[PDB]
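Every protein chain but one is kept in place in this view of the complex.
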Amino acid sequence: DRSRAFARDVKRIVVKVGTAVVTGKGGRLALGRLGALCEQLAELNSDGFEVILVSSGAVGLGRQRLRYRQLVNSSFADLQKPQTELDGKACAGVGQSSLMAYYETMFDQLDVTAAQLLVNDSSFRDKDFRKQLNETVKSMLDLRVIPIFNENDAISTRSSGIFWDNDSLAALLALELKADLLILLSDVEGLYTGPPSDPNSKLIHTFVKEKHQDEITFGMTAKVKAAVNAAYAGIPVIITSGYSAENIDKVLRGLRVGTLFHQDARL
Amino acid sequence: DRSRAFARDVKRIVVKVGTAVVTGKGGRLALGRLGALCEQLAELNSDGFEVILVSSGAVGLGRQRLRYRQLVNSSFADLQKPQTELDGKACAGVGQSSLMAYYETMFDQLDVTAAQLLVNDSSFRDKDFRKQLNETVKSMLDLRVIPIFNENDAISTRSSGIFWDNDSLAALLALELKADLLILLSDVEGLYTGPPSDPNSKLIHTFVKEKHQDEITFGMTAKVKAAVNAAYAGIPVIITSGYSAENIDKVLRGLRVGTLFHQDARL
Amino acid sequence: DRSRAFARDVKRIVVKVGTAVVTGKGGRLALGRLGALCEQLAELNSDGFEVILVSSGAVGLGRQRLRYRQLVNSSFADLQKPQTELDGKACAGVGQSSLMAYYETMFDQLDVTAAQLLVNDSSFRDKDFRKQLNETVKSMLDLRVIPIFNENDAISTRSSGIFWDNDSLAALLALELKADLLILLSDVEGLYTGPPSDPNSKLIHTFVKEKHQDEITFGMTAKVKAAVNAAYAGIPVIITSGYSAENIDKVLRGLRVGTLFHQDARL
Amino acid sequence: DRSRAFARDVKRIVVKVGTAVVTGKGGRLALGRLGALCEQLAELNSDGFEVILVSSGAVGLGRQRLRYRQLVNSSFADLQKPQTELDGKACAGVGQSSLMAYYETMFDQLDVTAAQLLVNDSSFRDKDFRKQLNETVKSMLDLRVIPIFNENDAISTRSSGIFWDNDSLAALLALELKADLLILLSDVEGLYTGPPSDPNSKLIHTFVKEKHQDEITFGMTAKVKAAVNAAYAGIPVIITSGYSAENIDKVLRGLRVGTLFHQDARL
Amino acid sequence: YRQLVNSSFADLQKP
Amino acid sequence: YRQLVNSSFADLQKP
Amino acid sequence: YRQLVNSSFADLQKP
Partner (left out) sequence: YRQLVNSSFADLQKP
């Protein structure tokens, strides 16, 4: 439109992928969605953008793999007994490795080098750590590498910290790395006036902190809170659906797509 | 022999792979050596052992990949100008992802699930962190998963800490996880009475803290220091060459292979 | 509709993928499209269908890879001289291996075993060969395997034969294997009353050999000829666009999608 | 020695890998052996040689995979009933795709482009086919590509033909492609004066058609017959053990390794 | 028991 | 029966 | 000449 004109000076993008975008039916990987996303990110990176990817959704794939392992090495007599709940940290550790190995496979097939950085909550308490991370990211972006961040859930001792979920980790990274636009890839077209299943609900062209502030009932509430916190500091935030392969290009070209969170746009 | 009789009650093994074992000629991956090692580890894990792998050697592969990227996207005129030194943290971050993606590929091809855990020096300062890592590792080993540890060099702010290198990280993990035998995979057959190139040098059947204490001149000195620290606390340590595919089986069967670091054996 | 009611007793499907569906921009693989197609085929195969895939589009990927190789091992002075045209058979041979390795990678990641069969024109001249191939395909389908046929372009001595292109190889296989529905995955929504770029053109609900026989003007003419030949013998043929991930489900459910080629439907 | 001096003008090498070299314990892939072989072949190809690889051993891996599939999708009640023998052609078709996908994976990781050509017995009956294949192989070798031949067992209607096994397919290719040395990678160090298990047996430095001709009792008899047929026409043949990673370099450097089949050397 | 006896490995891999 | 009842999936994956 | 001298490897990888 006219209020999405900042999509022309955008140089660094922090793209966060949701769990509903990574894991498909049955808990396995969604190969089509992730492949289209990786193709779009490689095209953006070849174009001249500096793309930072904050991956998410390792707990689900990890749990699927660990259930497979239990079955394969389990025995009938046992399958007749009750089941147990698979540890959370074990699932996260198993899923992270598979997800990032798959990311490396497709990025290599796309002729793009991808790098894996893992940052915990206790690490962010040091300003010197922030400076190091900034220097490392700058050096990796100067060679056209896509840093794939995440949260070290497989070692976390864990809300009271700086960040508690990837919805907020993306905002913290975008604020720290001085990004220019933050895209929260979810499974919904954006932010609605009510529940998505409600027919009376309507899409939000842009979020207003004086009108749409208290007009929506909510998960997505954490996404909205992180978006408001990020857009308050001067980082425009776009909530868009990752089910489509051209949404990133549409928002980066200035089209009316997704929900916009901007401090200057809101009046 | 007779003093390597503890290789029968061994149940948990902490295997550390060196940089000279992972990276082959040209800085690329050594596919033959790593493939043989992965085959042996899968056979051990299927046998009934609980194998913990402490990988190493991501800085070299990472630097090779980053030099490739610089060239591919570099331009002639530039190749005519002087070169620069690639950041250390960028190289480590790029190399780690590729190494562990390759590990996942071969372990999947071997029908074994491998898990990636990353632990930094600042994390070990918390006893509660030690308890949570122990619980996670126990839960992952109860499902026949090979936890592939490493050091988060791609985020490490960095000798004054608990551990400073993987030679000592392996010892710290073995002491904390209550392992039963620690194998330091290097490129040399063990510990010699002098430099390996010296013809007069002889292999050390077992390390004695009263005789071979100062009979050796030295890298490998860090390996020996970590081995002495680990074997002091009651964890037997074996330094063996990873160039062969059956060395792990030989040491685990009680044969005379490698250099032994034992507190009870030494007199 | 009412004339697509045969999509309920369909048990065997012969799916042919076009070149415009496999190769994306720059001659590289289209990862999103092929990933969505592989996900859909794995879902169909798990559902209870017997899916036969007749792949295509190795010449393009092969040529891209061979140009990469020429450059990488080529030298400046040479790049200053004129270029040459890369052999056709060399390109086909290089591309086939990469395409089918990628197919195996995604099918393994999808927990489906895929098999590669290659059949040439000279082989089809033997009736005993037809019986052998039928027996092999039956044995492979009884174990829930997806036979990935193709044409041995890398050994072909080469129109006068039984089949000359994959558009006709799919029809020959469907007739020989007694399939029940043949889907020709192309990049267009189907068959139009004229050129697709013509605004006055309209989609064809079903092809009539007494009306649309000569009305349509035209590549796609080979597709239409193969479709008419297949549908004459009693194998219903559907021409549908592979750019969407749910077109196969839509045609298999009886919805109005694509262009239909049926001998009984046409009047 | 002195009679292995022809290893200096060697320019094209036809390397045949046995079944005992590809498939490891349990019918799965031998990752260490194949990785070392691929590393050696990539080093040779980078050196300046023109390496042709005639792969073998898809029936075993294929049968393992098909048994896995039967079990996974089989059901207890059924496992209680008798088993069946898995078709030969289905096993070959499934195994070939996996083997060559793995070959592509390691060759890509080694920065070498590998190409897959499949040739049947009926195809060799045409001289024009021989010319076509020679032209294709020349064009593929001029771009530093490793053509990975095999036998189309998944389509073969099938001894009365030109070739019946890969031991003889390698000889036929070496004679047709005008190779300079043929290496038959087996699991034994070469040709012995008797059974390998016999302690009195001794290794044969070179095969003599007037002495060793009837001094050996025997599988390996097919290997010896193919070697004699190839070496009669003027192609030196070396039978060497593929269990070691440096045997190819040793024979190509002129060292005394393996068993030699030469028409000029024999007196 | 019967649900497991008359079941297959892939059926179990599901919830 | 018992060999199968008191067996595991990976044991079967072997001859 | 100049087009090649002031060019990069990835630019060439394209037609």
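Letters A, B, C, D, E, F and G name the chains as they come in the text, with residue numbers starting at 1 for each one.
The rule is short, and it goes like this: contacts are C-beta pairs under 8 Å (C-beta built on N, C-alpha and C of every residue); 3 or more make two chains touch, one makes a residue touch a chain.
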item: Residue, one of C:7, C:10, C:71 or C:222, that touches the chain absent here; value: C:71
item: Sole residue of B:26, B:196 or B:234 that reaches the chain not shown, by the stated touch rule; value: B:26
item: Positions on chain B contacted by the hidden chain, ascending; value: 26, 67-68, 71, 76, 79-80
item: Chain C residues that touch the omitted chain in the full complex; value: 71-77
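Everything that follows uses one rule, which is that only the chains that are shown with their structure count from here on.
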item: Copies chain C and chain D touch via same or different residues, half shared test; value: same
item: Between chain F and chain G, centroid-to-centroid distance (C-alpha), Å; value: 61
item: Chain G residues counted as touching two or more neighbouring chains; value: 4, 9
